[PDB]
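Participant: With chain U held as given, fit chains c and b with the ligand onto it using these hints.
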Amino acid sequence: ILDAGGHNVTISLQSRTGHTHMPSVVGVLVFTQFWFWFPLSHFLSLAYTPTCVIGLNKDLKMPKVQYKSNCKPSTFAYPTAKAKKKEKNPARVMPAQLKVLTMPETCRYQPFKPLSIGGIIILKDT
Amino acid sequence: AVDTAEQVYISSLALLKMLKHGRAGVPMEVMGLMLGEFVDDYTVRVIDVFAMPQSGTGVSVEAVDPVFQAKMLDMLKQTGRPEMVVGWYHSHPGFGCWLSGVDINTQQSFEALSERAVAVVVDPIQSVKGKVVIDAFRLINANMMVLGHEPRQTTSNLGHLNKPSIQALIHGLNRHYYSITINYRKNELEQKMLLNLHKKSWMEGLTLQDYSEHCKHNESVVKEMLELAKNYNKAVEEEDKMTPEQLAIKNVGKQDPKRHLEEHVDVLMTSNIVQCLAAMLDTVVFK
Amino acid sequence: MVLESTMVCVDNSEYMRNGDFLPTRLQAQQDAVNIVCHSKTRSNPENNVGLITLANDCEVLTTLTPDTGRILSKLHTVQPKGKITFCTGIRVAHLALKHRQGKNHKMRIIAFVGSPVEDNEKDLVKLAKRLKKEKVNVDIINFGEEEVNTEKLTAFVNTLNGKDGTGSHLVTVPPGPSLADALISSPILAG
Ligand SMILES: [Zn+2]
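Chains as they are written, first to last, in the authors' numbering: chain U, 736 to 814, 836 to 844, 880 to 917; chain c, 24 to 310; chain b, 1 to 191.
Any given hint might turn out to be false.
[What the hints assert, rightly or not] Here are the in silico distance ranges between beta carbons for each label pair:
id, chain 1, residue 1, chain 2, residue 2, range
1, c, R104, U, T784, 53 to 59 Å
2, b, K98, c, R46, 33 to 39 Å
3, c, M107, U, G740, 53 to 59 Å
4, U, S780, c, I163, 34 to 40 Å
5, U, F773, c, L217, 54 to 60 Å
6, c, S137, b, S186, 52 to 58 Å
7, c, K239, U, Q768, 51 to 57 Å
8, b, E151, c, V90, 33 to 39 Å
Calculated from the structure, these hints are not laboratory results. The beta carbon of each residue, even a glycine, is placed where N, CA and C say it ideally should be.
Bound conformation, chain U alone:
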């Protein structure tokens, strides 16, 4: 559980938009009792959802972008000046570290939409 997805992903039953995630709830409720049916422990893999910041600008093209996070490196430890992240393979991120991060000011590619949560978002060429 704690290491699920190499610590990069976790279970999320509630999206930021306010809608519940059906396969995660369905995954964990069938996962409730593993004693009767042992393979029910595999159904929890559906409950795993990726938590990452995806810097994909659009389509197939992958820009190179690094932006700063204000949290200390102690929060970045996954067993300061600026964080080093993708540049979209995206990079893992904590839901608590998504509010402190800021879009790059001096980079050529800047998001048109205000950046708040992670996932895949638009990145506009400036």
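Facilitator: Just chains c and b with the ligand now, kept in the frame of chain U:
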């Protein structure tokens, strides 16, 4: 070969013949036989239970009478359902219902003939009401010493069967033997009527008579036990008025309370029987 | 051997107590029970044969069993006084045939009618079509005094079965003095 978690589906008629055949022999241990059908490895059912006669050899593999088995199965053939035999059982009223040396001495014969032949033991002594009691036993194969001795899979009924861990001398048989789970299948209509059958005790005999017998006595000589209850009023409450003063001396609770609580509140619940059933007189006497 | 259960019916009607069949119909039908129980014994060991009293109240004192010993005991001191009753006499043995444990035995009834019966033709034809639905084959042997060349009983056996059904045969006592053994000599060789 293949081993999976086992469950014994039992019929109430089987359990009835179990404890009935075990109660009539107390203290002496009796010998029965289990009847049912083998559906598969991971599930088993006992749909009937019949009793073997007691002989001079005692409880032994020779105590089973072959001509009794031939005539019983013939009597089962004229009976509605002539199902095939499965396993054996013997009661142990005098002790903690553990398998003895003769029990395994007949177990290699029952495992010879029948593939499974689950051994069941039952005793009346342990609990008078609220426990399944009984017991369960199955002989593990000594030829399995090569491979591992620790199945099954789907540990649900297994890990829940082991608890309490059943003492020491009983789980001293957990080496070379293992228990098996028992569940009560419904058959809800018969279970419900037989539920009310014993409820006739604490409810009423007919659900009418016994508390119309409470309308027979009905305060009658029932004030005599109220006079003894009001003697329990005087007795218990004359030492109950000594308690709160002593509480002020010792400062305060000695933990305690003496209890010396409730009690005659129930006598006032019989006063609810007084007011109700006597208020029925206005309905009885008038029309 | 052939699989079936034969139910023999003695005639307890008051007209069966006369000694016209030597020495007496009591011992005559007793020998008739002797020859049917020993023939079915020589036929198949699995055949179980009980007895039924047709006249007055119908009660089977001997549960259906292959051993005829208890049947031979009931042949004595049977006290066969009463009025013959037909319609119930076949159905009472039919209920005794539905109590058989094994279902592989065919239903077979043998009865003796030695007395004139008041049974209407509508009752015997209702039992005839009822036995047609129940497949029961009944072989009756008429003893005693009755209507000369019995018709309603012959029409009862005729209309009882058909195609083939091989079958129900009726043996009527000939109008002449003869021993009971000579009357049962024909059915034992051929039905
Ligand atoms: Zn014993």
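Participant: All hints, please: hold or fail.
Facilitator: These are the hints, each one checked on the structure:
{"no.": "1", "hint": "c:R104 - U:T784: 53 to 59 Å", "in the structure": "56 Å, holds"}
{"no.": "2", "hint": "b:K98 - c:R46: 33 to 39 Å", "in the structure": "38 Å, holds"}
{"no.": "3", "hint": "c:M107 - U:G740: 53 to 59 Å", "in the structure": "54 Å, holds"}
{"no.": "4", "hint": "U:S780 - c:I163: 34 to 40 Å", "in the structure": "37 Å, holds"}
{"no.": "5", "hint": "U:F773 - c:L217: 54 to 60 Å", "in the structure": "37 Å, violated"}
{"no.": "6", "hint": "c:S137 - b:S186: 52 to 58 Å", "in the structure": "55 Å, holds"}
{"no.": "7", "hint": "c:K239 - U:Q768: 51 to 57 Å", "in the structure": "54 Å, holds"}
{"no.": "8", "hint": "b:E151 - c:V90: 33 to 39 Å", "in the structure": "54 Å, violated"}
Hints 5, 8 from the earlier list are contradicted by this structure; the remaining hints agree with it.
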